[PDB]
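S.K.: Chain residues, written in single-letter form:
Number of protein chains: 4
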Amino acid sequence: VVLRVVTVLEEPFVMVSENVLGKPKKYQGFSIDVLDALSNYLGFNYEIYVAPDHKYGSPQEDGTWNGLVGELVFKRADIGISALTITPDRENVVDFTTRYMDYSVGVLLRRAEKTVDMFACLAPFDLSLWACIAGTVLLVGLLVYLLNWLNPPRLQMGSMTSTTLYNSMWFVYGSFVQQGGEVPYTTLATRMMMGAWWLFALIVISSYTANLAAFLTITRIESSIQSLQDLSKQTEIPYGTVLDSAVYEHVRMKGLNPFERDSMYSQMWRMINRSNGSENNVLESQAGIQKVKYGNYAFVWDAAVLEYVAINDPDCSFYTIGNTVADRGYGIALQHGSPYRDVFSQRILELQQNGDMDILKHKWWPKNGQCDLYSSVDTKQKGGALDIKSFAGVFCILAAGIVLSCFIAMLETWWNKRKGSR
Amino acid sequence: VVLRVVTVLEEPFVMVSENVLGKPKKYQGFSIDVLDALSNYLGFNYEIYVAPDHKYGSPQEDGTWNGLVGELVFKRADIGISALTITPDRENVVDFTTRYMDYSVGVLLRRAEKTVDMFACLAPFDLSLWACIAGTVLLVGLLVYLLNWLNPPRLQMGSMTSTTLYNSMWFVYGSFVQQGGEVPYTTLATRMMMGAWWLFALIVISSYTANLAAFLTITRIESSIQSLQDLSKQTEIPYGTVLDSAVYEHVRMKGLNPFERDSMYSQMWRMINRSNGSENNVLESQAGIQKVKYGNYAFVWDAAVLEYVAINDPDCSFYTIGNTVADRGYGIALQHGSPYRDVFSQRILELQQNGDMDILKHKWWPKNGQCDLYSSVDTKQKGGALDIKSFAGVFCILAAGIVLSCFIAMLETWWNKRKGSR
Amino acid sequence: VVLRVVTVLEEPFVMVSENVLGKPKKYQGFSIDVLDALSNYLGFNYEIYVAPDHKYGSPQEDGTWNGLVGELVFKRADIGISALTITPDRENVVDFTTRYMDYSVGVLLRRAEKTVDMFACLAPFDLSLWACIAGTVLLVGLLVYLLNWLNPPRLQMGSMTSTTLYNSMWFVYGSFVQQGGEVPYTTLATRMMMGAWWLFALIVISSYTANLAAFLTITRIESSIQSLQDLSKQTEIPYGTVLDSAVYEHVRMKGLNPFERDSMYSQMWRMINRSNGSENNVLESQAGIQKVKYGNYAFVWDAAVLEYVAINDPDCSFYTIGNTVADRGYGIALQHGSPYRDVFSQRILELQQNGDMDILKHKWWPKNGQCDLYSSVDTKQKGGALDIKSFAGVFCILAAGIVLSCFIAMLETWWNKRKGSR
Amino acid sequence: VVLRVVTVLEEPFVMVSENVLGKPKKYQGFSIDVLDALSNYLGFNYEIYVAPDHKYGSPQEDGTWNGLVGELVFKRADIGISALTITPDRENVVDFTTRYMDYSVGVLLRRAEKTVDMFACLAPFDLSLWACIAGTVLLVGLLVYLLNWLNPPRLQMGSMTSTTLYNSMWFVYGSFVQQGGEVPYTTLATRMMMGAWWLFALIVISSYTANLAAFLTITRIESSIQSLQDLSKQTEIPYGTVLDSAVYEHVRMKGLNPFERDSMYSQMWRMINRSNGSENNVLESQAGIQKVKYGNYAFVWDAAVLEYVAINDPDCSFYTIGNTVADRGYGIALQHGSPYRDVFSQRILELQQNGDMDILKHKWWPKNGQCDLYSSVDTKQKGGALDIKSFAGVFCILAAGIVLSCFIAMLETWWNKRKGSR
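Chains as they are written, first to last, in full-length UniProt numbering: chain A, 441 to 862; chain B, 441 to 862; chain C, 441 to 862; chain D, 441 to 862.
Note that these hints are calculated values from the structure, not bench results.
Hints are not guaranteed to be accurate.
Derived pair list, reagent style DSS-like, types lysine-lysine, alpha-carbon separation capped at 30 Å [stated by the list, open to error]: (1) A:466 to A:807; (2) D:807 to D:554; (3) C:822 to B:673; (4) C:803 to B:673; (5) B:733 to B:495; (6) D:820 to C:673; (7) D:822 to C:554; (8) C:807 to A:807; (9) B:822 to A:822; (10) B:822 to A:829; (11) A:515 to A:465; (12) A:807 to C:803; (13) A:801 to C:807; (14) B:822 to D:822; (15) A:673 to B:801; (16) B:733 to C:822; (17) C:463 to C:803; (18) A:554 to B:822; (19) B:673 to A:807; (20) D:801 to C:694; (21) D:820 to C:829; (22) B:801 to A:694; (23) A:829 to B:820; (24) C:829 to C:554; (25) C:803 to C:733.
Computed Cβ-Cβ distance ranges for the label pairs, DEER-style [what the hints assert, rightly or not]: (26) C:579 to B:850: 50 to 58 Å; (27) D:497 to A:754: 32 to 40 Å; (28) C:579 to D:552: 29 to 37 Å.
Virtual Cβ for every residue (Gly too), placed ideally from N, Cα, C.
All chains, full assembly: derive it from the sequences and hints.
M.R.: Structural data, given as structure tokens:
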């Protein structure tokens with residue numbers, strides 16, 4: 441048996457890899473691997489040639505088709521295999537096998553260095569717990585003050601050991617922060633209160649040290665943006681696609697429908713459509729990829745392609761997010777009424793369900809390698825010292841207290857100049 | 441136009457909707473909704489009947505086929521629709537439409553919460569060790585007074601600075617909790633004693649801070665069960681499936697793969713195969729589900745079914761997880777060479793392209809479900825701060841000390857109402 | 441082509457798979473997989489039977505051979521394949537192929553090394569570092585005392601605040617353990633001294649807390665005892681082998697040579713030979729394995745067999761050591777002058793260099809599984825809480841200080857008979 | 441008896457040792473010692489000549505064998521012995537003996553300076569952050585006095601009832617380092633500022649303890665370069681091999697064969713094959729060794745050769761690592777059908793199992809080498825305690841304060857011997 445195959449060049453599905461007299465002598469790629477795995481079982485010989493316009497094709501105004509589909513409609517080639525997308529407008533004129541790989545829409549994003557968070561000091565306790573602690577300090581100072589009046593100590597006559605609220609609360613704060621000398625309160629009530637206060641304070645400060653020790657070990661390669669929803673919700677990074685591409689038309693026709701209400705699609709179209717699409721789109725996939733590599737941009741394209749580029753960019757400078765996608769799958773096209781639809785399909789099924797196809801897929805999309813596709817940090821950082829940019833928040837907390845001491849010292853003489861009441 | 445449809449009664453896909461004289465008269469389901477969405481465009485009415493042996497079908501030893509597949513091979517019906525998974529042995533005897541819904545092996549699990557322990561401050565030391573420490577405090581506080589009996593310093597006569605029976609405890613406590621200030625001991629025996637007590641206290645406090653920090657830093661385990669690649673690693677929960685099922689055979693096939701790097705399937709098989717599979721497997725899906733409900737068990741089945749179970753459980757007690765087990769999907773099957781195959785595939789694709797298949801799917805797997813189906817907060821716990829409700833034990837220890845020292849009014853305010861006077 | 445194969449039953453190399461009509465008609469195993477990999481490429485048919493005495497054989501007193509080698513010498517079978525070990529006295533009568541897998545002598549042990557230890561909290565600093573710290577404390581107290589002689593401050597004559605050597609040393613210690621009151625040193629020199637001492641003290645106590653936290657965090661992971669030599673250095677765990685086995689003779693022959701560059705084999709033999717071998721050894725491999733499983737014992741045997749037992753023990757209660765061994769290997773024996781020697785050796789080399797043999801090897805010796813084969817510890821830890829057994833050392837340090845306070849209170853009764861006065 | 445021997449020079453297997461009339465009279469090396477250990481038993485003498493093209497090369501495109509093999513194929517010599525490695529290309533045309541030594545792909549590396557670093561306590565904070573903290577102390581100590589100048593307490597002026605210029609620093613420092621006693625300030629602004637300072641102090645000290653603990657716990661993991669898996673998983677040190685070598689071909693085969701389900705060899709190939717392999721690779725083994733010795737490079741070759749280099753390197757500058765490798769080994773090769781194959785194989789096995797081969801091998805790879813060649817990291821325990829040599833920085837920080845205060849005490853002896861008063 442002899443078969444003539446039409447293809448379109450696209451990495452990593454179909455590439456030329458040897459040339460003689462300027463003509464392609466060898467093809468390779470995942471779709472070529474599928475074709476060869478079919479040939480080695482069914483025994484057919486194949487001759488591959490490249491479609492002249494390098495387009496998949498569209499229904500012409502006369503009802504014909506151009507491109508690879510055209511080459512099938514005119515029956516100039518027997519079988520067409522490439523990064524086709526199974527769609528019913530195409531199947532209306534040519535047959536398709538069962539899909540051998542699921543299609544998906546992905547985005548390519550440049551990696552970035554870890555941000556310097558400003559308030560690493562506040563992290564160990566939830567931002568409401570500090571309000572609970574400050575309120576507990578105040579309430580314990582009030583409880584100490586009422587305690588000293590419900591049951592009073594016995595004291596030196598006229599001594600300031602009859603501690604006013606101000607002096608009573610000072611001991612509660614100072615003892616909380618592990619400062620100050622002997623607590624002057626001798627009575628069993630006040631001691632029994634202060635010793636449990638000391639136990640609370642020491643447990644709080646241990647827990648602070650212990651949980652700061654945990655952010656200083658968790659902080660690793662985990663931080664990333666990992667969904668289309670997030671990309672559609674943020675606005676700092678512009679995103680787009682190739683103009684008039686099937687991806688463009690897909691995202692458009694998803695987003696324009698007002699009865700579809702997953703707003704991610706409409707937010708994507710609302711970004712893409714700006715200035716007739718000229719704001720965020722590019723003429724070519726390579727231009728988009730380079731714009732991502734050397735600018736603030738993200739490129740929306742075939743997830744399989746972008747994952748292949750991210751795996752085979754030697755810098756690991758890109759990262760990418762994956763998505764579960766239906767309605768589309770790569771497959772093999774045939775002339776309408778061709779019998780091999782009922783010959784290839786069962787072998788494609790055997791390959792998928794035996795797991796044999798997983799070898800051919802791994803051969804081009806390796807499960808592990810140099811580049812961790814779903815992680816985006818300065819991965820060289822095992823750990824580090826605390827920088828001035830980092831610990832800034834605590835110098836701010838101090839400078840705020842300093843400001844409040846300057847305010848009070850300045851104000852106390854607007855008090856002192858009240859009425860002459862020295 | 442009239443077409444004869446064979447079906448198999450199966451959860452969501454095909455279920456009864458009307459009964460007369462105790463017998464079913466009509467059917468409903470997601471597959472029924474797809475069949476009607478086709479019929480209302482193509483205009484054909486249909487007959488439906490349940491296959492006489494109530495199973496999808498299998499090849500006989502004579503090479504014929506039983507079940508609904510048998511009913512298609514013998515041309516007893518025009519069209520077959522059910523949860524009929526596409527497989528190559530079936531495509532060798534019947535023709536399949538393009539797959540309209542994706543297959544997936546999933547698991548049903550009972551919830552167990554991510555909430556922090558009520559008393560997480562107790563964790564660093566065993567409840568018996570806290571008792572030993574408290575007793576050691578009380579011992580040192582008694583010993584210090586028996587030591588001070590033999591060895592009085594040449595104190596000033598009648599000075600309040602004398603080592604009273606009472607303050608001896610208060611110094612040993614306030615020193616242990618790192619707050620005591622100066623200790624008025626000058627003889628060698630008791631400077632020795634307090635110095636060794638300060639060493640013991642500092643070592644205890646450091647070990648508390650350290651093993652709280654380690655108990656916090658151990659936090660990774662919240663991520664331990666979120667996919668089959670993770671469920672295949674744990675061993676606390678045994679998992680299994682229905683015996684003689686296509687799911688069991690699939691687990692067997694992928695587990696016996698000589699070269700698959702995804703050892704997940706091998707670790708599944710290493711548990712499922714125990715005692716010829718009789719240890720962990722069940723004969724009924726409802727038996728599996730309710731064994732998970734009433735005991736420590738995990739049921740492995742079609743994720744499409746298990747998500748419906750998780751949605752419709754009136755207690756919302758379950759959650760479910762399902763990996764990207766692709767390369768299979770549900771399809772409508774037809775007799776060899778039936779011309780409706782291409783027109784059906786055409787319209788099924790047009791339905792998926794429009795998103796009409798998403799709208800239909802939402803009728804049976806509502807995305808905005810009545811209750812949570814997947815999470816008990818996300819991985820955020822593997823990166824969270826110390827919330828109020830995690831610390832609450834320490835506020836109870838403080839509240840207990842407050843309430844005790846307030847109840848010291850019921851000792852001392854009553855008593856000093858009766859000791860003569862205030 | 442038809443060839444007659446003799447084998448000997450041994451797991452997992454050669455095993456029966458069904459007692460068809462009560463006879464061992466069907467066979468399975470690693471060497472059966474090798475035999476099939478040969479047969480499928482070379483096309484020869486084969487027949488298998490089991491040697492009558494289930495022994496490999498020995499050179500008889502008449503110069504004949506019994507066992508499988510006998511069955512080759514008598515030309516009763518064409519091929520001998522088993523867990524047979526290539527040796528030159530065997531090669532003296534039958535030819536061997538290239539060895540397809542390297543032999544090894546290994547040891548099987550139950551999991552051991554309970555994680556309970558008493559000086560756990562003393563470990564963060566090296567044993568000499570505590571001597572350095574206590575020396576630095578003493579030297580700093582001496583340097584403070586000599587510093588205070590060069591110039592005195594504006595003291596108060598005869599006041600209790602005066603700083604002799606004894607008070608100076610006490611201030612230095614109490615300020616180190618963070619229990620000191622106000623330091624009375626006003627002079628710029630002695631202030632600068634105490635302030636640098638305070639900075640040293642904070643850095644010591646922080647480093648202690650940090651390294652104790654690290655040791656608690658990382659302990660229990662690494663395990664210990666993973667070498668045959670060091671397992672032969674100790675004697676608390678008895679070890680042995682099957683009497684008169686090839687392992688026994690091998691260890692004897694190694695150990696009895698005093699000119700060997702390592703005494704370790706003599707240290708093995710001087711254990712194995714005890715009570716004429718009856719002290720340790722066992723009659724059967726299964727009896728050895730059970731004696732290990734239910735007693736304090738270790739069994740020395742074919743490492744691949746012990747590894748297969750450890751892998752297939754459902755409890756995974758054993759662990760084993762993958763000792764590097766040479767000079768021996770498993771191979772295929774043949775009648776002298778058989779032409780298949782070259783054909784088999786050629787195909788074995790092809791299978792080895794291609795890596796195809798590793799597919800057959802991993803099928804029986806899985807490189808990964810639900811448990812680690814080399815981890816040896818009885819972990820016993822899930823909560824990580826500290827207990828009375830572990831923290832014992834610090835109560836001992838306190839009890840030693842208590843003892844010395846008691847002895848000093850007693851001692852201030854012996855001088856005190858004789859002081860002149862108190 | 442005489443047999444002609446042919447060899448290829450390769451250290452340390454075969455080298456020249458004497459020359460007469462410009463022709464090689466004697467040879468030396470481990471393979472020469474094996475050849476002599478055979479000859480002295482079998483009694484045959486030999487003449488050794490070097491093969492004219494000095495390579496093991498694969499056969500010509502016409503199927504004739506060049507190289508050391510060709511001299512056997514054409515029966516030009518009787519025995520071939522060299523670093524010739526048994527491979528399936530060769531036993532098809534010549535007869536191999538059992539391999540007398542195992543083959544192994546190894547790597548040569550240069551060991552580190554063992555990091556004599558005193559910064560172990562400087563690590564938690566950046567070297568500029570310590571300057572910022574010191575400046576912040578000096579500011580707070582100056583501000584406290586410029587605050588106290590505005591508003592004093594209602595107490596006697598000109599005495600310690602008002603804040604002194606000097607003690608302000610001593611309170612701010614001693615409160616920062618927790619040894620502060622009781623701060624004497626009682627006005628609102630100064631209790632406010634000291635309270636904020638105590639909060640800043642606690643936050644700083646806790647962050648120091650935490651990030652020391654994180655630096656210690658991120659250390660005591662990441663020092664693991666001890667195997668080809670570790671060296672291939674890392675990407676910080678580049679590695680390469682000699683082109684046109686069986687080592688490169690082996691890395692190519694294991695890297696491209698998809699059934700090698702271990703990532704190690706794939707990531708080896710992905711490093712070595714940079715820039716068409718022209719980037720990392722070399723044309724000479726000496727060039728590799730020198731590139732390791734004088735640059736950041738690792739050289740992949742025969743572990744026997746690299747370990748011989750590591751042993752003989754007079755500087756002890758190298759270290760070496762080698763994988764547990766099989767499927768190849770060095771062997772003695774003979775003319776096809778030569779009868780001596782059996783007698784040689786027998787005697788080689790006798791030498792191996794007697795341990796005579798260990799004694800011979802020790803002549804060229806001595807165990808008691810002049811250098812430590814087997815680890816890139818310390819042999820300390822799995823946890824690692826803090827030590828004198830790591831803490832030495834803090835004892836230097838203390839020594840600086842000692843020396844400074846000892847100097848100040850000797851300046852003071854001018855001031856009061858020069859005023860005549862304190």
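S.K.: Would the pair residue 803 of chain C and residue 733 of chain C pass a check requiring their Cα atoms to be no farther apart than 30 Å?
M.R.: holds, 26 Å
S.K.: At the C-beta level, are residue 579 of chain C and residue 850 of chain B separated by a distance inside 50 to 58 Å?
M.R.: holds, 55 Å
S.K.: CA of residue 829 of chain A to CA of residue 820 of chain B, is that 30 Å or under?
M.R.: Holds - the C-alpha atoms of residue 820 of chain B and residue 829 of chain A are around 25 Å apart, at most 30 Å.
S.K.: Holds or violated: residue 733 of chain B with residue 822 of chain C, Cα cutoff 30 Å?
M.R.: With a Cα-Cα distance of about 26 Å, the restraint between residue 733 of chain B and residue 822 of chain C holds, given a limit of 30 Å.
S.K.: Please verify whether residue 733 of chain B and residue 495 of chain B have alpha carbons no more than 30 Å apart.
M.R.: Roughly 27 Å separates the two Cα atoms, so the pair holds.
S.K.: Holds or violated: residue 807 of chain D with residue 554 of chain D, Cα cutoff 30 Å?
M.R.: holds, 23 Å
S.K.: Are residue 801 of chain B and residue 694 of chain A close enough, with their CA atoms no more than 30 Å apart?
M.R.: Distance of about 17 Å is within 30 Å: holds.
S.K.: With 32 to 40 Å as the target window, see if residue 497 of chain D and residue 754 of chain A comply at their CB atoms.
M.R.: holds, 33 Å
S.K.: Given the hinted pair residue 801 of chain D and residue 694 of chain C, is their Cα-Cα distance within 30 Å?
M.R.: holds, 17 Å
S.K.: Can the restraint linking residue 803 of chain C and residue 673 of chain B be considered satisfied, given a maximum Cα separation of 30 Å?
M.R.: holds, 20 Å
S.K.: Against the 30 Å threshold, does the CA-CA distance of residue 822 of chain B and residue 829 of chain A hold or violate the hint?
M.R.: With a Cα-Cα distance of about 26 Å, the restraint between residue 822 of chain B and residue 829 of chain A holds, given a limit of 30 Å.
S.K.: Does residue 807 of chain A pair with residue 803 of chain C here, judged by a C-alpha cut-off of 30 Å?
M.R.: Holds. Residue 807 of chain A to residue 803 of chain C sits at ~22 Å (cutoff 30 Å).
Checked against the numbered hints above, the structure breaks none of them.
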